[PDB]
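Quick setup: one chain, the form deposited without acetyl coenzyme *A, written in structure tokens, and binding and motion questions come after.
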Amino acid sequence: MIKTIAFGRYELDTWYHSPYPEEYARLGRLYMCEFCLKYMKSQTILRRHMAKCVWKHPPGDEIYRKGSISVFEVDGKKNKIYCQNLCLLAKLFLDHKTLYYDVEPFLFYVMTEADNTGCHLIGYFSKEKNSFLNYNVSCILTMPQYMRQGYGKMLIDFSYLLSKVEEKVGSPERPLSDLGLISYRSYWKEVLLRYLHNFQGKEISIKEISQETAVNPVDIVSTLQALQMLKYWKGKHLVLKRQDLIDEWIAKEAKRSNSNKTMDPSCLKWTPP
């Protein structure tokens, strides 16, 4: 079975099992075209491909660019093959991912970092074209060579930015991988502490916050309690503005945004359906 993939300049241990054709699943190493995501039997095979291959980035529309960092929006129906490969790729490293074959009812948002060779795959999230439950994220992944660098947050943040511009509230698809429950929990804290920092009024409804940030009202109540800011005295429900967390949030703001790991609504060029 498979254990490692050659992905661009990287050599990655694979974490799970992916339903690759047994012809390939018989192999312990797969060589992936870093731009079109074709999988190949050997190094010699790949090299010849790379000499033919034309992709220097994914397909679809580049709906966000801020310098080297882009995000492409790929239609599962418009690039069925690119998206299917993407899933197989993501199925290593993602434990509970369902879909591989039928990528048509989905949009894929592919984040990439550009250098002199091309636009390299950072990570992606998929999004149903018509989520019955209003999920703004189906599956989300940071490539291993980009983990613990604040790109997960950027992906999540972009998923809600779409939701905002769509004028919707949404939430990731349940269930939530053990690794992704921590990052959303984290992200919903950034988001909420910021709001309370900017909000100068004396009262607010969840629906207001839900509408400003695009975070689902349940995920808001959840985080408020996680932060222990939902208090009940004298017969009603009060929001408790913790100075500490808010003050820690501002110091943490300096740190993060010194390293430019922030998405930027000014750079998005998108229209929703």
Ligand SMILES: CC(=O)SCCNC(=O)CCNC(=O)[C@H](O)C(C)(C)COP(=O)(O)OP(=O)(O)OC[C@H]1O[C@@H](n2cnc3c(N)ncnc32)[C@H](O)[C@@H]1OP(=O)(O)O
Second form
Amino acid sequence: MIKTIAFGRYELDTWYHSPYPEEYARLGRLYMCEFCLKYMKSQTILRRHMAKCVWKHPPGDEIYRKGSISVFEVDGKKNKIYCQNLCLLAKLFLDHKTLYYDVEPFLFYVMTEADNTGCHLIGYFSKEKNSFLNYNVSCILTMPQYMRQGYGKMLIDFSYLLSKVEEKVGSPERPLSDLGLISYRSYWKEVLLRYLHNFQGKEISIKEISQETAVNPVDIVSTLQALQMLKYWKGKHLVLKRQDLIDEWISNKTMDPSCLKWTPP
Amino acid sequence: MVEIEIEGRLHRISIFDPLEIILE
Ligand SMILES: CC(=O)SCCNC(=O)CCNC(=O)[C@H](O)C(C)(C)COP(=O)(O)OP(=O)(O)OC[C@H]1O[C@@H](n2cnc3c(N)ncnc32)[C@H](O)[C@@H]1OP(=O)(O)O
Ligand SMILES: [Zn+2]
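Same protein, the form deposited with acetyl coenzyme *A bound this time rather than the form deposited without acetyl coenzyme *A?
Everything in the complex follows now, all chains and molecules, and the chain you saw is the first one.
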């Protein structure tokens, strides 16, 4: 079974089983087109494929661009096959992905990095078109080669940026994997410390903060507590402004909102 | 409203009430 995948110039170890056809899933290695995400049995097949394949980026629309860094919005109804391949690809690095086959109700936000051969996949997140639970991310992943460089954070940030622009608040779909939780804590703490740094008033509601960041109140409260910034007193709750933490908090690993060009689908 | 624990105590907090931002 699948231990490795060739992806562009990288050779990547898989963490988890993913349900590819047993035709493919009985091999040890799997050869992927880095641009259209077709999976193949051998180098020599991949090689002929790259000679035929016209794609140099993901389908859909490019809704963020800042130099070499893009995000594309791909509709799972319009690009059913690309989105499926991407879900299969992701299950190799997620313990549990809820859905693979049915990508129609999803939009896929594919972040890339451009070099002279094309726009290379850094990572993605999926979004329900219409979430009863107001989840603004279903699944998020940064590819192994790109992990721990700040990209996942840009992705998360970009999810809440779409939320601001839609005038919604959002949260990631429960349950969070452990790397997901570590990543969302770091993001949320940062959003909170940033907010308080710029805020000058003597009081705020959790709701105001939620309305401004598009972060969910329970996620805010939850982070305040992780930060031991929620205190109790008289018979009311106070927010403790930890300056040690704010100044702790002070490589182009940011999403710049003036580089978004988007209408909600 | 939302529930959690602080300094060994159960607490419950509003998300609409203004909370005193405080220092020491
Ligand atoms: C709702 C969901 O979809 S939950 C499922 C989430 N997806 C996964 O688990 C798939 C596998 N995981 C991933 O793809 C990635 O770990 C992601 C997307 C969660 C994070 O991507 P990355 O690009 O590595 O995150 P990024 O580099 O921005 O770092 C995010 C934070 O997590 C920390 N971090 C990332 N990986 C680790 C790790 N392996 N161990 C400890 N901390 C880590 C970083 O230190 C950083 O925090 P800090 O700024 O406070 O130092
Ligand atoms: Zn291809």
